[PDB]
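Model the full structure from these sequences, guided by the hints.
Protein chains: 2
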Amino acid sequence: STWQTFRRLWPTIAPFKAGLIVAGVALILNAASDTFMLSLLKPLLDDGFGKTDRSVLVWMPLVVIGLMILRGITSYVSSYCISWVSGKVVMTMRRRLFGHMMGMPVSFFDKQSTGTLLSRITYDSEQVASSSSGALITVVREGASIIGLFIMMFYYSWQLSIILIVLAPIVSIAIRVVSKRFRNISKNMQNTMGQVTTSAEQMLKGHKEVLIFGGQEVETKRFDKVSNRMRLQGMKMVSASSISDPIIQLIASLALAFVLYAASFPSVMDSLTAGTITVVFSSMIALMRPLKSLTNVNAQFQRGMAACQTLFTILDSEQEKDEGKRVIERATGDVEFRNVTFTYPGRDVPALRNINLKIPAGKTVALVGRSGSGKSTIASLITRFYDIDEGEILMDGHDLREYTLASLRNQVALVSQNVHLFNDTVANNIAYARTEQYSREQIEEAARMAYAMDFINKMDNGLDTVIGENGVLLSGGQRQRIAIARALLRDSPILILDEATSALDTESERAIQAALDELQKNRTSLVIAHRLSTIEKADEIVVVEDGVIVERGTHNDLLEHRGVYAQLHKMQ
Amino acid sequence: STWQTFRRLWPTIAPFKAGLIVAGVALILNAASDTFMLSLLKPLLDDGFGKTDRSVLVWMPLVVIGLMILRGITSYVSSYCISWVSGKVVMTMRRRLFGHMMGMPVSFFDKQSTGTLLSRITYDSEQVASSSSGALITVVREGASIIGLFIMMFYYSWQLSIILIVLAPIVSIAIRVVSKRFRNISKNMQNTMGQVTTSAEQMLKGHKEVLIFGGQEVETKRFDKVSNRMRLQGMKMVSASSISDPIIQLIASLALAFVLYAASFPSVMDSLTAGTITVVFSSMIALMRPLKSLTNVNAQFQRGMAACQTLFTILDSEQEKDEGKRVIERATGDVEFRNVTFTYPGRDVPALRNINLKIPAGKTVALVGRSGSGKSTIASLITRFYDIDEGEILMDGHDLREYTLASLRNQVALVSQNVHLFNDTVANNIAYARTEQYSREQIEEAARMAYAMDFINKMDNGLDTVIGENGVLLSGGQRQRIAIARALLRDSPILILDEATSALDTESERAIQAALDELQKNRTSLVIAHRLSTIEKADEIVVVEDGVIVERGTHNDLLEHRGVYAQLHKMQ
Ligand SMILES: C[C@H](Oc1ccc2ccc(/C=C/C(=O)O)c(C3CC3)c2c1)c1c(Cl)ccc(Cl)c1F
Ligand SMILES: C[C@H](Oc1ccc2ccc(/C=C/C(=O)O)c(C3CC3)c2c1)c1c(Cl)ccc(Cl)c1F
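Just so you know, the sequences run in chain order A and B.
Those letters in the first sequence? Residues 13 to 584, by the working numbering.
Those letters in the second sequence? Residues 13 to 584, by the working numbering.
Honestly, the hints are just simulated from the structure, not real lab data.
Treat the hints with care, as some may be off.
To be verified - Restricting the straight-line Cα-Cα distance to at most 30 Å, the calculated cross-link-like pairs of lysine-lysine (DSSO-like) are:
#1 B:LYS217 with A:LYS123
#2 A:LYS248 with B:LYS100
#3 B:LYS387 with A:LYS233
#4 B:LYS533 with A:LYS217
#5 A:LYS217 with B:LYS199
#6 B:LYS237 with A:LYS123
#7 A:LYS237 with B:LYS123
#8 B:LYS375 with A:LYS100
#9 A:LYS370 with A:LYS387
#10 B:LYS304 with A:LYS582
#11 A:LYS333 with B:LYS375
#12 A:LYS233 with B:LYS29
#13 B:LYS387 with B:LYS233
#14 A:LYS100 with B:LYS533
#15 B:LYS333 with A:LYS233
#16 B:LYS29 with A:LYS217
#17 A:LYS333 with B:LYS233
#18 A:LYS123 with B:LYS123
#19 B:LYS387 with B:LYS375
#20 A:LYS370 with B:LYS217
#21 A:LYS233 with B:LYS533
#22 A:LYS237 with B:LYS100
#23 A:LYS217 with B:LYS370
#24 B:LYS387 with A:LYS304
Said to hold, decoys possible - If you want the footprint, here are the derived chain A segments under chain B, 3+ residues with CB under 8 Å:
#25 80-87
#26 121-128
#27 259-270
#28 410-422
#29 549-563
All C-beta atoms in this analysis are idealised placements derived from N, C-alpha and C, irrespective of residue type, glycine included.
Rendered as structure tokens:
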């Protein structure tokens, strides 16, 4: 199943064919030069030696020098042009693949990790590029070499050529059966690999359990046995790998010796002089390598095309499905969660069960709970990063999923100290998507209201300073201030803040708190605060623990009573 | 700094020299056969053209076959013997390395995970073996080849030999400067490598942060720019390699052409016949790959030896130091922790601060706290898995660190459902540390008292059934029962159990609870229980939260009052 998916891959290189033609003529001319080198070397030098070498002997070195200059030039041109085509095609493939990955659910990003994801992407792209390019160049160049060497062989005493071509099927089938016999079964030695991995793993905390049990000699004996086993397995693998090649080499020498013995038959040395037999056998020795190269590159073609297929499968699986198609721009902000039921993949215990809550506009709602609880899940669900597994939430008389994903996600802004900064200038990062729609004067006024004047003055480039640099030049407080400024500039109707990830150990936090209060004063919001002042200033507080509401009552009455809530706040 | 650390490595193979000598004679004879092939081919073939064609032309195909049989036999023998030596030396090295890591503190097992430790060890061992073996075999074989081909060259018209040997220093410095010029530095492309990862992770979990911006076009443009840059960098690297190689090829051809033009000078064709020049040039061509490999193996030797050096550093780094040297076997069990202060590496907030507690013998102490709290750290410190950073704990009038590590860890037994199962038989895993000192009748009686009769009867081999199999054949309840049986058989004076990792969703738990109560009835212990019945049956309960005691009082009085503790138990 490779032809169909190679044909499907043709369009991404269809307009890129001038480089292919340039490489395809460069490689053919390269093989032609390679054959023509032997052509003008061996017979001319070994036949002009008979009282005529005075001219051809000094003629030869210039020919050799020019031929090698041509061969090197063609090699450089072909490699550079194939690299150009491969770079352009991987550029296009990476671009489309990243574009597809950006607009697809967050769960995929969760159940992979950034490092392994990007390693997969880049490594697989370069792998398919290298495999396909190598297969193409080897097929073209070595097929041209085989054709040229057969042409020269038939032009020089076709009898040896026909002997070789009739011996070819026997040698080929012998090599095929030997190679098939000498391929091992890689489905048993994994038991030893897994066993040693477990003994390292089940006996690390089990080393604590080995120390607790006191046994150290038993582990050494067990590792002795398993290491002896894996050493034996590896030695057997090396023995197979080293018994493979000499058999093929010996069969090749049987073929060459049979050809030489056929040459021993008379009536053909009459037309065969020293130069002719010399060039014929040199042609055979040169032809030795290309066939092995051809088989190995068919193998690597299959290998790389498998990776191309799995990359296509990765590109094809699902997307950001917009089943709603009921776009409602400029949402009023009627927030009310009901019948919330969702769980992480694989797990069978839902994070929330029949959770019901209301966050009316114009009122302040405080989210209080332990770190690592379901508050983060609820906040993510409010932004519809991951759709609720069960239940439905209706906003302003319409379902949350009914509204367009872009429309819903645009009306909500989340500000947190853990919001990383995009690798762009500070002015650019303040307007990550509204750079062209925001006036410079308005942005400057917002930044002045963002309490960033002290940071702007200290900046070398002021408001145009390049922020980011993998977080080396940006601090946590600066990142939080930039996030607050971005939220204020966006001025979304509903704001959900996650202060749990923030650290309270801040030297200067009063200004940040005042700025946050000013930003949240005009627009109603429900933030998960972690400060006593913010909790006290909240208009309404709902007690929810472990994704469930345990106590219901007025926030002011609960604060005045100072019961379980006060003790919990004092403890944490 | 390679000679000294290679000399330090000599003892591990010093007794192992018969295989080295066998390989060293096999490789020399292989190179001799390689030279002797061209030897008896070319001048004798020329003598065939001199009216002696029938005599030698039928004689060649048998010499060729015999020579290739000898070459293949020597290749197989040398590869097999070198593999045997390498396998045995890495066997010894792996054994010693595993023995060293067994007795060295726990933090290593944590700060590298099991995969990035064992893959490290196995890959590095096979890497150093392959690198050293390849360097040795290439140096010996290819030096023998160079010596033999120069011997033939001097034996046949030494003029060309001296003409090339005088050119060798000229060519070798040009090759050295050319190779250096194209040895690029990898200093800046990592910025793009990290930049693409930053761009991916910025909106991966920050799709809502991408939605905070509200657009994806900016991300697509940024990825366009960065992908163009990285494609250009890869283009430049490929171009550098593809201009590097043909320059050396062309310089080699200049050298060969100059040799041929020197042969064009008269007064030396008088002693040079067609076969002589043929074999001379064949030798010159054949030497091309040898010197390339001989010049390249330095890099591979260094690359392998660096991995060997870092393996030595890993084997050297610190140890399980027993600073106590005050072994007190058969401890009474006077448990009292005081001034406990310890933190994880890197962090600046200690897990516990001036923690003081007492667990007198003959009394039951219950450890109650939230999941993931400092109870696990306290339990680990009681077993001295990781020494306390600050403070001191005295047991039975002597410091905890004063007693021998083996002696201290032997007197304490930890039973939990997460206890890993050793890859051995059920009977073997029951006495994983004291199999030889345990009577069969006593083990059978303990197993009968272990409530394992139902599982033993269902086992195909009964008590001799092979447990483990990477946990496929063992269930969580069976693992917990086996751990309880092992603890009962050991019958340590002090038992610390971690029931937090256990799962309460067990179909049959009454028998396990009864067995645990029977095991803990005779010997006093302080276990971290998670069941209401176990908490109620506890003689003394201490309220500790966040590594600190908030409330102090009688357990019975607190239970009767049913205040904060009852509400916390009902909630969780
Ligand atoms: C008659 C024969 O043809 C063939 C036909 C299929 C082959 C498939 C694989 C390989 C090598 C695989 C490897 O090295 O792993 C060879 C060989 C030895 C060169 C093949 C030679 C032939 C040989 Cl045996 C020698 C020289 C010439 Cl010119 C030749 F045609
Ligand atoms: C004059 C030259 O000597 C030398 C001396 C050091 C070298 C170091 C490396 C390499 C290969 C590098 C690569 O392929 O990357 C070669 C070459 C071309 C064969 C070296 C040739 C020479 C040649 Cl051109 C032919 C035969 C002989 Cl006996 C010989 F000495």
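Any of the earlier hints contradicted here, and which numbers? 3, 5, 8, 10, 11, 13, 14, 16, 21 and 24
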